Amino acid sequence: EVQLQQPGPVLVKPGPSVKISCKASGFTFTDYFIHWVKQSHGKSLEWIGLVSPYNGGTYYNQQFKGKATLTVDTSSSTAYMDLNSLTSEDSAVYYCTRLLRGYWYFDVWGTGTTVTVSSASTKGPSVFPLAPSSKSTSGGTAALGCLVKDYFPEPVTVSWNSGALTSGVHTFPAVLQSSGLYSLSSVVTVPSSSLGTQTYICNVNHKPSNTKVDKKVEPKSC
Amino acid sequence: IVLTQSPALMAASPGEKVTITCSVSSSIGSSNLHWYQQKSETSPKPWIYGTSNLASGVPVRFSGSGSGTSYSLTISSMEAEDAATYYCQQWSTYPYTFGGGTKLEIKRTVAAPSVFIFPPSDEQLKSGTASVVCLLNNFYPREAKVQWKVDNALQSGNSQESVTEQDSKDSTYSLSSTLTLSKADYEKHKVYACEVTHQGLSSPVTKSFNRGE
Amino acid sequence: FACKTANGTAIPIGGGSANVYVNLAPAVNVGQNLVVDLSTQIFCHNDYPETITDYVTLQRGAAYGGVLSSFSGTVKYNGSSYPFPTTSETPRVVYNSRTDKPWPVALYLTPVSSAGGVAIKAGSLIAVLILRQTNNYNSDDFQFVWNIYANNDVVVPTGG
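Just so you know, the sequences run in chain order C, B and A.
Numbering follows the entry's author numbering, in which position 207 of the first sequence is assigned residue number 212; successive positions increment by one, without gaps.
Numbering follows the entry's author numbering, in which position 50 of the second sequence is assigned residue number 56; successive positions increment by one, without gaps.
Numbering follows the entry's author numbering, in which position 102 of the third sequence is assigned residue number 102; successive positions increment by one, without gaps.
In case anyone wonders, no lab produced these hints; they're calculated from the structure.
We treat Cβ as the ideally placed atom computed from N, Cα and C, and that holds for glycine.
It cannot be assumed that every hint is accurate.
[Claimed, not checked] Here are the simulated EDC-like pairs of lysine to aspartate or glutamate, each with C-alpha atoms no more than 16 Å apart in a straight line: (1) 225/C x 129/B; (2) 220/C x 128/B; (3) 221/C x 129/B; (4) 48/C x 47/B; (5) 220/C x 129/B; (6) 194/B x 157/B; (7) 72/C x 95/C; (8) 4/A x 37/A.
[What the hints assert, rightly or not] Facing chain A, according to a computed beta carbon distance under 8 Å, are these residues of chain C, among others: (9) 33; (10) 37; (11) 38; (12) 55; (13) 57; (14) 61; (15) 62; (16) 64.
[As the list claims (entries may be wrong)] Label-pair ranges, simulated between beta-carbon atoms: (17) 35/C x 100/A: 38 to 44 Å; (18) 45/C x 194/B: 38 to 44 Å; (19) 74/C x 69/A: 24 to 30 Å; (20) 2/A x 71/B: 52 to 58 Å; (21) 114/A x 89/C: 48 to 54 Å; (22) 195/B x 143/C: 43 to 49 Å; (23) 132/B x 45/C: 36 to 42 Å; (24) 10/C x 212/B: 28 to 34 Å; (25) 102/A x 8/B: 45 to 51 Å.
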C-alpha cells in the first residue's frame, strides 16, 4: 500500500547501460518529485539527481552528470533510470526515492536493484568438500564446508536443506576472487548426530545449477 | 568538503545512548539536514527531516538536536534492530552531498577468533589447484591478526581474506582465508600454518596439520 | 509598534531594518508555485492598545538579488493580490490589539520561463519589505524594514 517497486538483480557485462525501472502506485503520483541514490557497497550513498513526474525536468549533480537519464511514464507511474554511459566500476545498488511536499525530505524509498559488472559468461558452481580433519568427535567442534570456487552469477544459494543439522551456518559474502571469478563458501560446525544421519546435502540450487549431494563430504582424514 | 562526517564506525550495547556528529564546511541554514538509515541489502528508511524532526514512522527514543554549523543525532535507548548505516544529507546547496556515514554495529565484549584448518580436496587436484582454507569464527573486531606460513616460511602476497557481515544472534563476525596454490606448489612443501595472534601477549594459537595424514 | 520574526530578532519602535531567514521548497516545477509563508515568519502587535487604533500598511515590497532573476510573482495581502515588486501602496489593514497578529502577507512567487540551474542560492537575497505605521493620535510615520534571506537552495527542475 502507498509504496513503490522496482526490478531485481540486473547483473550485466559493462555494455551501454542497465536501464532499470521504478514502479510506483498507491499515492497520488505525477504530482510529487522523485530523486535517486547510488550506494557502492559500504561507501557513501551520494545522491544522483531528480526527475519530476509532473513534467520530468530532470537534472543531476556534477558528479554523476554523465550517467543519468531519469524519466517517468505517468500512466503506469513508473520512473526509469538509464545510464547514458557504462559504469564498469560503479557496481552499486541504485535506489528510487520520492520527496514529500511538506517537510521536504526523501521518503518511501524503492526496494533497490543490484548492478554487477563481471564478464565470466555465466559460470556454474561446484563444491569442494572441506575436510573436517582431526578427531572431530564424529561431529562436534570441527566444521566442514561446501566451498564453491567458481561461478559468475551472484545469487548463488549454497545454503543447505532449509538449515544444516540443527541449524546454524555462516555462509560467506562475495569475494571477487583474485583473477575475475566469484567464490564464497559455507561452514557448518555440525554439532549434532554421530555418523547416523550423514546427509550433508547442501543444495547449491543456484539458478542454472544442481543440488550436488556433495559426495557424503567424507569426514574421514586419509 | 561540502559535507563530512566522523567517525566511520560507532557501536552500542543494548540500552546505551548513542550520539553521532556531522560537521559541515560552512554554517548552513539551520534545521534542514535529513538523517537516513540503510540496512544491509535493504531500502533506506528516513528517520530525521531537519533538526528535531522525526520522519514518517519513527520511535520516540530516536531523536535529534544541533546547531547551524555542526549537527548531530541522539538515540537514547538501544534494542538492536536499528543497526544500520546512517547518513546525513544536507538540504542546503546543490549538489546535495550525503556524508561519509557511520556503519553502526552492536557493541558486546571481546570474542576470541576461533581458528580452524581445512586441507584442499583431492578432486580439485584434477584441475591443478589446491586451495587450503583457514577459518576464523566468533570475533568482534573486523580486524584480527592473521598470518600465513608454509613449511615455516613467511608467505604473503598470495593470501586473501573474506569478512562476514554483522551477525543476528550474537553480533559476531567470521573470516575465511583462502590461498591460491598449485598442486605442485602444494606438494613442494609439507607444513601448512595459519597463525592468529589476537591473544598472543601470553600464548598465540598456531594450529597446523600434518600433510597426507 | 514593535514587531518580531521567527528568529525573534527584529527592530524596535520607531523603525529600523532586520534580517529574516525563511525556508523554501527545493524544487517547484514551472506552474505549481511555492508559498513564501511570511505569515508564519513575521508577527507584530499594538504596543499601545485601546484608545490608539493601530494602522499598518505594506508601503514598499521589492524583489531583487536572486528573485529578480528567479522565482518571482505577486504578493497576497489579506487575500487581495497585488503585483510584486510593489508598484504602489497597498490597501491598509489594522492591528489594534495586544497580540502578535500574523502579518497578512505571503509572497506568491513564480519561476521564470527561462529558469535554469539553482536559481535561488542559499543565503542569497530574495525580497525586501517596507512597513508603514500610522495611528490615530499623531502624524508620526515610521518605516519598518525586513530583508528576507532564503537559507536554502531553490532550483526548478529543467528538461528539454
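Here is what the structure says about each hint:
1. 225/C x 129/B: 15 Å, holds
2. 220/C x 128/B: With a Cα-Cα distance of about 13 Å, the restraint between residue 220/C and residue 128/B holds, given a limit of 16 Å.
3. 221/C x 129/B: 14 Å, holds
4. 48/C x 47/B: Holds, because 13 Å separates the two Cα atoms, which is no more than 16 Å.
5. 220/C x 129/B: Holds, at roughly 11 Å.
6. 194/B x 157/B: Distance ~9 Å between residue 194/B and residue 157/B Cα, so the pair holds.
7. 72/C x 95/C: Satisfied, since the Cα-Cα distance of roughly 10 Å is no more than 16 Å.
8. 4/A x 37/A: 15 Å, holds
9. 33: Cβ of residue 33/C sits 13 Å from chain A, so the hint is violated.
10. 37: 10 Å, violated
11. 38: Holds, because the Cβ-Cβ distance from residue 38/C to chain A comes to roughly 5 Å (cut-off 8 Å).
12. 55: 7 Å, holds
13. 57: With a closest approach of 4 Å, the residue 57/C hint holds.
14. 61: 5 Å, holds
15. 62: Holds - the Cβ of residue 62/C comes within 8 Å of chain A, reaching about 3 Å at its closest.
16. 64: Constraint on residue 64/C satisfied, holds at 6 Å.
17. 35/C x 100/A: 38 to 44 Å: For residue 35/C and residue 100/A the Cβ distance comes to about 40 Å; the hint holds.
18. 45/C x 194/B: 38 to 44 Å: 40 Å, holds
19. 74/C x 69/A: 24 to 30 Å: The hinted range 24 to 30 Å holds for residue 74/C and residue 69/A, with Cβ atoms some 29 Å apart.
20. 2/A x 71/B: 52 to 58 Å: 30 Å, violated
21. 114/A x 89/C: 48 to 54 Å: 25 Å, violated
22. 195/B x 143/C: 43 to 49 Å: 31 Å, violated
23. 132/B x 45/C: 36 to 42 Å: Taking Cβ atoms as reference, residue 132/B and residue 45/C lie about 38 Å apart, which means the hint holds.
24. 10/C x 212/B: 28 to 34 Å: Violated, since residue 10/C and residue 212/B (Cβ atoms, about 52 Å apart) do not stay within the stated range.
25. 102/A x 8/B: 45 to 51 Å: 36 Å, violated
Going through the hint list in order, the structure does not satisfy hints 9, 10, 20, 21, 22, 24 and 25.
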